[PDB]
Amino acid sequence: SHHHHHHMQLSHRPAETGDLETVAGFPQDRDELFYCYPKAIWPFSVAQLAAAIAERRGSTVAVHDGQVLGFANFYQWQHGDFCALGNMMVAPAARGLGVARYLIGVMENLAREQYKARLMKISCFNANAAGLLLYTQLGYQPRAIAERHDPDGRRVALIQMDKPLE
């Protein structure tokens, strides 16, 4: 019966080749792809994703109920100093459910433990309100704004944020 009472655990691991196709399916439009991978060209592809992974560090997936739901890496890393989070991507069926929050916490721990980072940097494009609000909730503070140019040659504002790791 619908009216009887009677009838978000996440894990993580390094990204693997088999995860590529799934992750590359996460950006749903040119805007989404630009926010998470500004040098990528639409349509996104596994080869573009793999090129990013090869050039970056710490590529990690978040898994729930047997599905890869999130992905992130570092695009800058400086031992004893900071890491900068990149390619933060969430499956479209799992938006707003705590997957990015979870994976950011995992990446903060990785930065602390592996890189002895004192600071995490995250930069977010101005149009991505969801991102700005999430990072704010997680204790990131805005430090600067930089002018960047989108694939149409339009001028956007990159909000550069950071958080101490402890």
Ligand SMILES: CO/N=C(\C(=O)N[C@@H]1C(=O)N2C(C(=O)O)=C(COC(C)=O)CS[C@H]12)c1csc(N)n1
Contents of the next structure:
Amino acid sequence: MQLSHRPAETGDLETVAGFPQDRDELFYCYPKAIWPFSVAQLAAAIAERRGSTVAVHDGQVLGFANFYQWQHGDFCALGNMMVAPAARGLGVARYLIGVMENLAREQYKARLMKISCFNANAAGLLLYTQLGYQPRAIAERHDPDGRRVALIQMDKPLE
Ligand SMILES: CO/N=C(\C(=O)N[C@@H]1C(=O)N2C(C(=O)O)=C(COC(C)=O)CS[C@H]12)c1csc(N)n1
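In place of the form deposited without the named molecule, the structure of the form deposited with the named molecule bound is requested.
Whole complex next, starting from this chain.
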């Protein structure tokens, strides 16, 4: 995979908004959103966050991520981690997570990256573990049907 990255642009919105394939996927990556996802919801997120970044391979936008919390000299918290359905398991998330770790270190002088992953997302839990994130706490949250879910709060020192 010959991946590159750059800040997200207006022209990328419609592509990225296409990535979540069902309510579960949308909830795992953006729990405040409402299905169906839309460019307007994505742009709202981008406006209130920092670091929105796309990953590109062979002229295609295949991944997106940003920070929903950032604290200079401290930590950032990774959000909106989305991958195109034709590129799942090919290393795009792993790549973009590395890019975002660098951006957190270099631009925000972060010592830590935080990632919160919902219990049902096994693939995410195992990816973040492979990348060196450790579980720190479990929080009770609710899904769109009002059912209780467990949010696993993980972190990793940067360097
Ligand atoms: C105010 O806090 N309430 C939360 C909560 O922790 N939201 C946070 C947020 O924004 N996150 C994103 C996010 O929107 O980016 C992701 C997605 O993480 C990745 C790695 O894609 C995982 S949950 C976290 C919450 C969650 S469910 C619920 N009923 N409340």
